[PDB]
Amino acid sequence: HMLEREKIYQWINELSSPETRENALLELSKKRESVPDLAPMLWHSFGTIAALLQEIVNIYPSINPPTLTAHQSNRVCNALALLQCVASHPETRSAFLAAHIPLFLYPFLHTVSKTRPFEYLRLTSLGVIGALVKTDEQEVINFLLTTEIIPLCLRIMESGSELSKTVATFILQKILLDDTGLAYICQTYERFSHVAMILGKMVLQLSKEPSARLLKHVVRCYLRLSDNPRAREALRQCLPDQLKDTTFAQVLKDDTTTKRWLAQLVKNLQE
């Protein structure tokens, strides 16, 4: 079993030298799920994390104006996959969050360029936050709330590719699912409205160009909002017509879980 371990150790060492870092990132990214202890191995040295963070820092000049290549995007995404590995491990998650590592990813979420290198960079960056929200931790929710991730997700939900829209909606859904999260969004009409308006624009687009995967997350967000009494009275007035119609009835005939959620939403809204 030591042949795998010795290969992992060698690649970890190779991240220190910039001459061997690119190949080491590629090899280690392929083992992000195969090796369960990969995250504490990576976190052990400040040097390994500094090297991964250096890869993120190297593409910040490719933002203004947008000049990112597929090669640049692909290499940084290999380093984001190693950070995602550290974000989701039970031994390293708290330390990753105490080190404010997601903040290094926020400049990538702020980008608006629709070229594939930037859109796929946002997809992978969203994936790191996605892995982090999936852990189902109060510390994660508190971090995301104070660092203003909600506006970043809403922008992507409105203008991103189908996959980026799904991850962004999934992040919002997981924040909404938490009691602190739902209370935060429903605290002011402004915050609720930002969410409701974007969800509404998404329903109108899904009625033109369908996506059952995206619709599943959009409906779950609306259903969670219905649990708050103020959001429920607001939705009685602003809920899109397409959700009360037979608009998605054809598609939802094959998606029982979503059809159930939409039924529970109309039931919550009819008092």
Contents of the next structure:
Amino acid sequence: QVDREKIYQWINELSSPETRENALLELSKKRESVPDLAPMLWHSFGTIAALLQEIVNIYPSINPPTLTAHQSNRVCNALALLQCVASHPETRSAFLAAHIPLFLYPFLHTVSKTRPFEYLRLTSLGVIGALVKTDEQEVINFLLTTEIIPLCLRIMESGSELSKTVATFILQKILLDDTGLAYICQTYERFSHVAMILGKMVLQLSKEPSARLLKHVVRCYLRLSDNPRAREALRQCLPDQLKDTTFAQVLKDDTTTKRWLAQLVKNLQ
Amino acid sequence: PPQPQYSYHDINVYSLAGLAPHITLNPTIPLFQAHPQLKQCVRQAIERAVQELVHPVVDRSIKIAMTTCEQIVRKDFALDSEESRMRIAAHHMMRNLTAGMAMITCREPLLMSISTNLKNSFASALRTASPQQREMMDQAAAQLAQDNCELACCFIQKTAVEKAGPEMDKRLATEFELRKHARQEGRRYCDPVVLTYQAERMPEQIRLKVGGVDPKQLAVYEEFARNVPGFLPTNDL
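Could you present the same protein in the form solved in complex with its partner chain, rather than the form solved without its partner chain shown above?
What follows is the entire complex, opening with the chain shown before.
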């Protein structure tokens, strides 16, 4: 029980600012050899409060953007532990009920392209990504009423390849939900704004291949074509790069994306 | 690197007049070198910006912070039969998370609003303008907004912090009522679900105790009181 007593001490060391930075570092490294880490974090005294504290304490560094690598590494260790809590079946619902993702949205709103901020956005995205991976509909309901879709769309347009991929994955999960699809296609303005961004991404992908990103972009289009109004609009504004041989090379390895693409073209008839 | 300019008590929030002594006018601003009289319109521009933004920012920040603070405090103090420690912890956390959300919320709108107000005041004063002075105007307005945003934001944060406390007291009323009603029946309130989970499932070293939380475990909550974002931390004075 020597390794596990080492986990308990670190958890207990998160409460005091004196010992927290080191505890954050060590715990974040062990979160995939300790299956029950999330409920121990959630249900211990003051632990989640300490992680929120870590988050809010870098708010003065967001605007003007002065966040350093050291600050970013530290809060990202805290974000790594919240991702762990977001993923676990036993803590996901309580995490959502406490509206903890709202304290991440200021990070997602940043636009600075320095490495400390890109890492901050990617890691924050990873928390939301862990939430929607579990495919609960309570999660999509929460996201829809908290306006994370514009946050994701801005990132899909302007972020690093990694951030664009996580952000598009979140959009994909929202769209796959019946409620999410209806929300995004409720007005032409909403639909159009999403279609426009996806269109820009396809152009970018044709210049700079990213198999993972292309896969999610294609999925999003395919799901959008399930909506009749969106289907008709897509018959007009679907990028020519998705109809011709542009991606034929990079796709002959990806059978799943090819099948999705062919389903998409098929649908638009 | 940059520390907060102000401590929580450097700014009086009772009226907009609390802003005046802290306003900063960079004398090298080209618009000001050319027309020194235009400095006199800056105070009112900032006051109006804060005036139009303070209530929406305050309401939004408290709304965002409330649910998170209530849920986390309810969770942490579930086995605590006393209302006192819980009330104080909630007070400190809510004030802190409200101040944080207020800072994030008001920054960009303050810049936009302070700048618009100045450019408007500058243009009306002198005179009709011109393409080479309208650029001095736009330059001046943007810079002044940058120079006074921290001040305006702190005013609004503090307004929100002061309103947050009593709002939290009201939200935790039923938690206070659970404990008080229990004490009337001669017993200590203990959330039965939490009591079972902690006794049966949590490792001893991190288990919530019936016996209570020991003082050094409160370090998180005390830190919320010491270190409020946007303000110089407190100390032995």
